[PDB]
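Protein chains: 2
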Amino acid sequence: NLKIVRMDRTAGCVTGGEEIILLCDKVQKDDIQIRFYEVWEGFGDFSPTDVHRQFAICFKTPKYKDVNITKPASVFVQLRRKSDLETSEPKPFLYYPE
Amino acid sequence: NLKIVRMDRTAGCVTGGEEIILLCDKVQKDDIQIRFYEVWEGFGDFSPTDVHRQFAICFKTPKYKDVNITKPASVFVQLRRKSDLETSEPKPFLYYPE
Numbered sequence: 247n248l249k250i251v252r253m254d255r256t257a258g259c260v261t262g263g264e265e266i267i268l269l270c271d272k273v274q275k276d277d278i279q280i281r282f283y284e291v292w293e294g295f296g297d298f299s300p301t302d303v304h305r306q307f308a309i310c311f312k313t314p315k316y317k318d319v320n321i322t323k324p325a326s327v328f329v330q331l332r333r334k335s336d337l338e339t340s341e342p343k344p345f346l347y348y349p350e
Numbered sequence: 247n248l249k250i251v252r253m254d255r256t257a258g259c260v261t262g263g264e265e266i267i268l269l270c271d272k273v274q275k276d277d278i279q280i281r282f283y284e291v292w293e294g295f296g297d298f299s300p301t302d303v304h305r306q307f308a309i310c311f312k313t314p315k316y317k318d319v320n321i322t323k324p325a326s327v328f329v330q331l332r333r334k335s336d337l338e339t340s341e342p343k344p345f346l347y348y349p350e
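These protein sequences, in sequence, are chains A and A'. A prime marks a further copy of an entry chain. Under the deposited numbering, read the first sequence as residues 247 to 284, 291 to 350, first letter to last. Under the deposited numbering, read the second sequence as residues 247 to 284, 291 to 350, first letter to last.
Some clues are possibly wrong.
Note that identical chains are pooled: a pair holds if it fits in a single copy or bridges any two copies.
In silico SDA-like links for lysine to any residue, alpha-carbon gap of 25 Å or less [as the list claims (entries may be wrong)]:
hint, residue 1, residue 2
1, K249, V319
2, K317, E284
3, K275, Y348
4, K275, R252
5, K334, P349
Hints in this document: simulated from the structure, not taken from any laboratory.
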């Protein structure tokens, strides 16, 4: 089962598109997503080639639901397997205004 | 043989101590170093537990040789095996003034 071991950033701008490196326990590159949620949900933008040897993922943050927030919005991020929707424990993530 | 596949930062402040995540091809956690060089050399600060499943390394940058530079200093970074001193191809890295 799924685990986010580390992320180099736990915050990002509401506009999205910012690169993060996430370290995970073993995943399958074609059966993995990164889900940001609050239910609002957005997905990390990456392809299977951005999964590094099943143990890391380089991705770009999704745009948050509201790019006009005036203060930070606390969300969660989890790994999720596409096939059976199994998830990791969530990590907090802070979206901040532009 | 050794390869730096990606680093989340390719620059840092001369004072060192900044966290980087490096993605690499397979290493042994007890037989790996990260060497910054220009011969001046400094080493990434990490322990074997900071090596993630042999495919990534979380480390802190070394302090540069001169913390009083007034413009950026271009150095190289390589993986190096401690046992036999085998190295990866170098990646450029820019140190910048405080």
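Hints not upheld, ascending by number: Hints 1, 3 and 5 are the ones this structure does not satisfy, whereas the remaining hints hold.
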